[PDB]
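Residue-level listing of the chains:
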Amino acid sequence: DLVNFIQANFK
Amino acid sequence: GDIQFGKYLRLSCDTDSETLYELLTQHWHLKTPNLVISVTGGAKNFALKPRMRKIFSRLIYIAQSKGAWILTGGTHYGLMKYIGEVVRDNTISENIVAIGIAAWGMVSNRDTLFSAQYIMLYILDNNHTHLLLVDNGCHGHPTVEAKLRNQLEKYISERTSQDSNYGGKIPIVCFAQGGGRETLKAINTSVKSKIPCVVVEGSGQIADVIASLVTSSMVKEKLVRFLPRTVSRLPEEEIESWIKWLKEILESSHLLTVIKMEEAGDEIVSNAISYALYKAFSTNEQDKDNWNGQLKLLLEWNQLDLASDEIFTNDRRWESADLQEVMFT
Amino acid sequence: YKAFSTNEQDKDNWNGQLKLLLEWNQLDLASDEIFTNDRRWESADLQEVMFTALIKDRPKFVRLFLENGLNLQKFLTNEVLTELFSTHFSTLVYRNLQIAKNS
Amino acid sequence: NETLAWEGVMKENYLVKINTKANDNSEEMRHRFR
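Protein chains in written order, with the authors' numbering: chain A, 40 to 50; chain X, 104 to 108, 115 to 202, 207 to 226, 236 to 242, 250 to 343, 350 to 464; chain E, 413 to 515; chain C, 1050 to 1083.
Worth flagging that the hints you see were computed from the coordinates, not collected in a lab.
Mixed in with the good hints, there may be bad ones.
[Said to hold, decoys possible] In silico negatives: residues of chain X with every beta carbon more than 10 Å from chain E:
| # | residue |
| --- | --- |
| 1 | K153 |
| 2 | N154 |
| 3 | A156 |
| 4 | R167 |
| 5 | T365 |
[As the list claims (entries may be wrong)] Cut-off 25 Å, straight-line C-alpha distance, at most; resulting in silico cross-link-like pairs (SDA-like, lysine to any residue):
| # | chain 1 | residue 1 | chain 2 | residue 2 |
| --- | --- | --- | --- | --- |
| 6 | C | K1066 | X | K276 |
| 7 | X | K283 | X | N294 |
| 8 | X | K321 | X | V220 |
| 9 | E | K486 | E | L504 |
| 10 | X | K314 | X | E402 |
| 11 | X | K153 | E | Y413 |
| 12 | X | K140 | C | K1060 |
| 13 | C | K1066 | E | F487 |
| 14 | X | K276 | X | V220 |
| 15 | E | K486 | X | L157 |
| 16 | E | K423 | X | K276 |
| 17 | E | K468 | E | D450 |
| 18 | X | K175 | A | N43 |
| 19 | X | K158 | E | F487 |
| 20 | X | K276 | A | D40 |
| 21 | X | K321 | X | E402 |
| 22 | X | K190 | C | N1074 |
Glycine is no exception: its CB is placed at the ideal position from the N, C-alpha and C atoms.
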């Protein structure tokens, strides 16, 4: 979940 | 990059403030009851003095007591380094959250991504609980901090929380002590929104200008009176870009509050913040009709003289059934 | 001090002013005028003047130097310590210390 | 290590106490008058 959130934030 | 020796991250301007707040709160951050934010100069040079230590130790103590978040620059320069040291000291003696936003472009010794460790053209403090770097590009280190910190503050201000009275909202107070022009721009943009600011009427060069202000020729004379070297260096054409700003600072005296240098009270910090916050609620008119929230706010913030003089005063039919819940609290 | 300040011969020089003001016991003037604000002295500017203050027994100036951005760790890390111990020691103090230790 | 840091913090408090005791003369009224 954390990895997905980081990827979404990076865009 | 996440570094531990606190969480770290890279910030993009286009990132939504709501998403950032959701990340913070849901993942690692508890609900915020106060957002004391200090704005000062990021320059290494600072007017360190025992008075400057005393005017900030109490602030840190209050921030811990109320559970407030502290937002600062966070690049290990003068006031920011002292703030980090004091945060560490309080931790040594139930936690303080100190978010420090800086520009990615300035950062030196870059270590791209997983828990990389950095040991050491911008230097960053390693004492802050959380550190953020924001620069979509332009490694020349242009001003980018203003584009995100202000938006985050405004969004959190609108975020209603049913606690600490204050109409189920959050204070979002700005505290100015540094002499930088970036501080002046931050003050201007904060006054643009519904955010009261409190300035120190002490060693701050520009802060002394604003203090004296409370007639463009007088504005120019006052600006010349402080930081004469900077005044001379700046071209005449650019001076306008400052003068107008000062007007915006003096545009409304309702919000802007300043401390008296002569006063030596131990609890001046709390009193000043409380009064500045109270004025905003009083003048907002959103709950001015409501006559009970004002007292509930003034109770949590220790103010006996204000509560006696303003809340009750005279010609008010509170009756014996009005004080029940507030007296219980 | 005013004559040196207005002469303009060494007004550009920003180190001689402090060195003069140290020998003449003036803490308030040194604090207000020399350092003040908007000056990038850095931690490497006070080295020699702080050494001289230690030699000349200027406690208030020592405190002002230390608290006003001076880093004592780096200053002590230098070899000056050896020097400060090889020569600075008073002769009678050394002799009395030796006799006390032996006795 | 940690104990030494705690000792330093308590020292900070001790020095602040000394300064407050020194300032407790309550003679600031003179300079306020001036």
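Status of each hint after checking the structure:
no.: 1; hint: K153; verdict: violated, 7 Å
no.: 2; hint: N154; verdict: violated, 6 Å
no.: 3; hint: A156; verdict: violated, 5 Å
no.: 4; hint: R167; verdict: holds, 19 Å
no.: 5; hint: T365; verdict: violated, 7 Å
no.: 6; hint: C:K1066 <-> X:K276; verdict: violated, 44 Å
no.: 7; hint: X:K283 <-> X:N294; verdict: holds, 19 Å
no.: 8; hint: X:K321 <-> X:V220; verdict: violated, 30 Å
no.: 9; hint: E:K486 <-> E:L504; verdict: violated, 31 Å
no.: 10; hint: X:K314 <-> X:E402; verdict: violated, 29 Å
no.: 11; hint: X:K153 <-> E:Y413; verdict: violated, 29 Å
no.: 12; hint: X:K140 <-> C:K1060; verdict: violated, 34 Å
no.: 13; hint: C:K1066 <-> E:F487; verdict: violated, 30 Å
no.: 14; hint: X:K276 <-> X:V220; verdict: holds, 18 Å
no.: 15; hint: E:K486 <-> X:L157; verdict: holds, 20 Å
no.: 16; hint: E:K423 <-> X:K276; verdict: violated, 42 Å
no.: 17; hint: E:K468 <-> E:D450; verdict: violated, 28 Å
no.: 18; hint: X:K175 <-> A:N43; verdict: violated, 34 Å
no.: 19; hint: X:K158 <-> E:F487; verdict: holds, 21 Å
no.: 20; hint: X:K276 <-> A:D40; verdict: violated, 28 Å
no.: 21; hint: X:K321 <-> X:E402; verdict: violated, 29 Å
no.: 22; hint: X:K190 <-> C:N1074; verdict: violated, 34 Å
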